[PDB]
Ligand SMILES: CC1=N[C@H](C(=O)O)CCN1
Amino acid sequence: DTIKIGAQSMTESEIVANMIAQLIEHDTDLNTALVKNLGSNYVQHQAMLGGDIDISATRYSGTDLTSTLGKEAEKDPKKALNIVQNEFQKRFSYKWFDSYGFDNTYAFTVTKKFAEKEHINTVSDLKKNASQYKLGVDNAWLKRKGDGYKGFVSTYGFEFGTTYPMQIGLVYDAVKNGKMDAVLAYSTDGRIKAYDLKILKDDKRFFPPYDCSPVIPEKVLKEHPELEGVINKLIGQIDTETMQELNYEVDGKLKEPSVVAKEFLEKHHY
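Just the chain, alone, in the form deposited without this ligand, possible?
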């Protein structure tokens, strides 16, 4: 029988999606298929409800909490994961696993060079000269509710001199070359490694946590009792630094997600 693994359009998702597949076909006699390009977690959720996917490869605690669950933004990561896991079991009898070990969080990011010139370690340090700064953001963040620009201004109490929305993949070279003074990066992106950018401390803890976990229905796990054991092998095994490294292997070194996943599994003896 064929285990269907859903992935959104993020390098991260495709990597972790392929990893799961390859781990399944290594440990068991089960067959796998990947359902690529699922857009948002809403569609990913619906695809699970409709039986289009047996496994959601990458899901993020702060996302499903304040949208799929409709709950308030918990800032403690363990408490937020506890809520999310309990609602998914109660509402859907879905097993939201413990985290792979990484956070994909919004991260105000600058060059180290610029952090020394402007004296910046925290997001709050950006206050003083904020009017003089260009900030790069993704295409959705300014209008985003809760942990968006609006909530940001209310919490940190300042505006950036100009904000420029753009495809997320562009913010990293943009900060690197000085086109933007700071950007709101995704903290798992490989180019944070490669370019060695500085992730500023979110001293007011504005952003909720975004720990990444696989989601699988207990019904799927029951029908294939060997499955949980396979997935459990990934739990705790991928921290932010590793995910950044795996991400650069695709985004910077131009390798296929299947290959990066294979090499990773081989490196760790699976």
Contents of the next structure:
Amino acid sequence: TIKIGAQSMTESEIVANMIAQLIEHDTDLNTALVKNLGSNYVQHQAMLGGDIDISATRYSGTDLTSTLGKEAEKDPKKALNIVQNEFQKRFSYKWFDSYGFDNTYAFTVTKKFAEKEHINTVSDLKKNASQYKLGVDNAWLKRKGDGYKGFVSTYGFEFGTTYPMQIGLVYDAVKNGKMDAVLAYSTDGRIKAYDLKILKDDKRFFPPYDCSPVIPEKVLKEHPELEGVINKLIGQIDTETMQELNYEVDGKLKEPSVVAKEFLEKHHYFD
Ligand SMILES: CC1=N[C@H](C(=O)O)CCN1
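Form deposited with this ligand bound structure, per the form deposited without this ligand context:
And the full complex, kicking off with our chain again.
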């Protein structure tokens, strides 16, 4: 039975279910979901411990700056290449090419706030930063490399008050005027659904966050038919598609298993 890890994100659950169903459609392997993994660190430790055989969703800039303890590379291709080579060298883990989307931190505001405050870029926030409330996830404030400390030293300012919360809550918090700005995830469907504005990262502070599955070479060796299944999804999901899938769960309240199934059926399980 292949143990598939899902991080505590709607996106991770959708993709974990998608992998599970594709594996069972194509092969005689049974699968199990290991859900609610709190962070990439928890995912990685679970893989080191053999608690999971597959990480459904890992993000290049995230593991680059934490797991690998490296500078935040700003080029998508170079960042992916470093992560892939390092995962092979250090762990004999295969970090696959991307599904096709980058899920980045994105400073997000209502269009009303942007018009009132004259905001197009992250640097535009500087003039009144002390007046703003910023909603962020439960980890970003303490992250090294791509975290708040790095943000401050690059952009040269702090927000008046920063509020860490479950990432799922930031979209309503900003829509409802509770926060002036939130550090959202760019693949969340509620950004488009709520007509929000993503601010340009004008100093290119954030590294890329291309999303890929990760699987130990040992697992791929034990189950030679596994790589071919995973290959079917590589390059097949762009951001717009990911946003739509995310919204199926977060806006329409559908089970990730159901959303995954419907996606696979539409694409005839990629043959
Ligand atoms: C920028 C980003 N952060 C998440 C995290 O830090 O695990 C993963 C998906 N996107």
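Numbering follows the first chain given and starts at 1. The term rigid core refers to the maximal set of C-alpha atoms that superpose within 1.5 Å between the two forms. Residues that one form lacks are left out of the comparison.
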| query | Taking the rigid core as reference, does the Cα of residue 201 move 2 Å or more between the two forms? | reply | yes
| message | Given a core-based superposition, decide whether the C-alpha of residue 98 shifts by 2 Å or more between the two forms. | response | no
| request: Could you tell me the angle, in degrees, through which the smaller rigid part rotates relative to the larger one between the two forms? | output: 15
| request: After aligning on the rigid core, report the distance the C-alpha of residue 251 travels between the two forms, in angstrom. | output: 0.5
| message | Please report, in Å, how much the Cα atom of residue 148 moves between the two forms when the rigid core is superposed. | response | 3.3
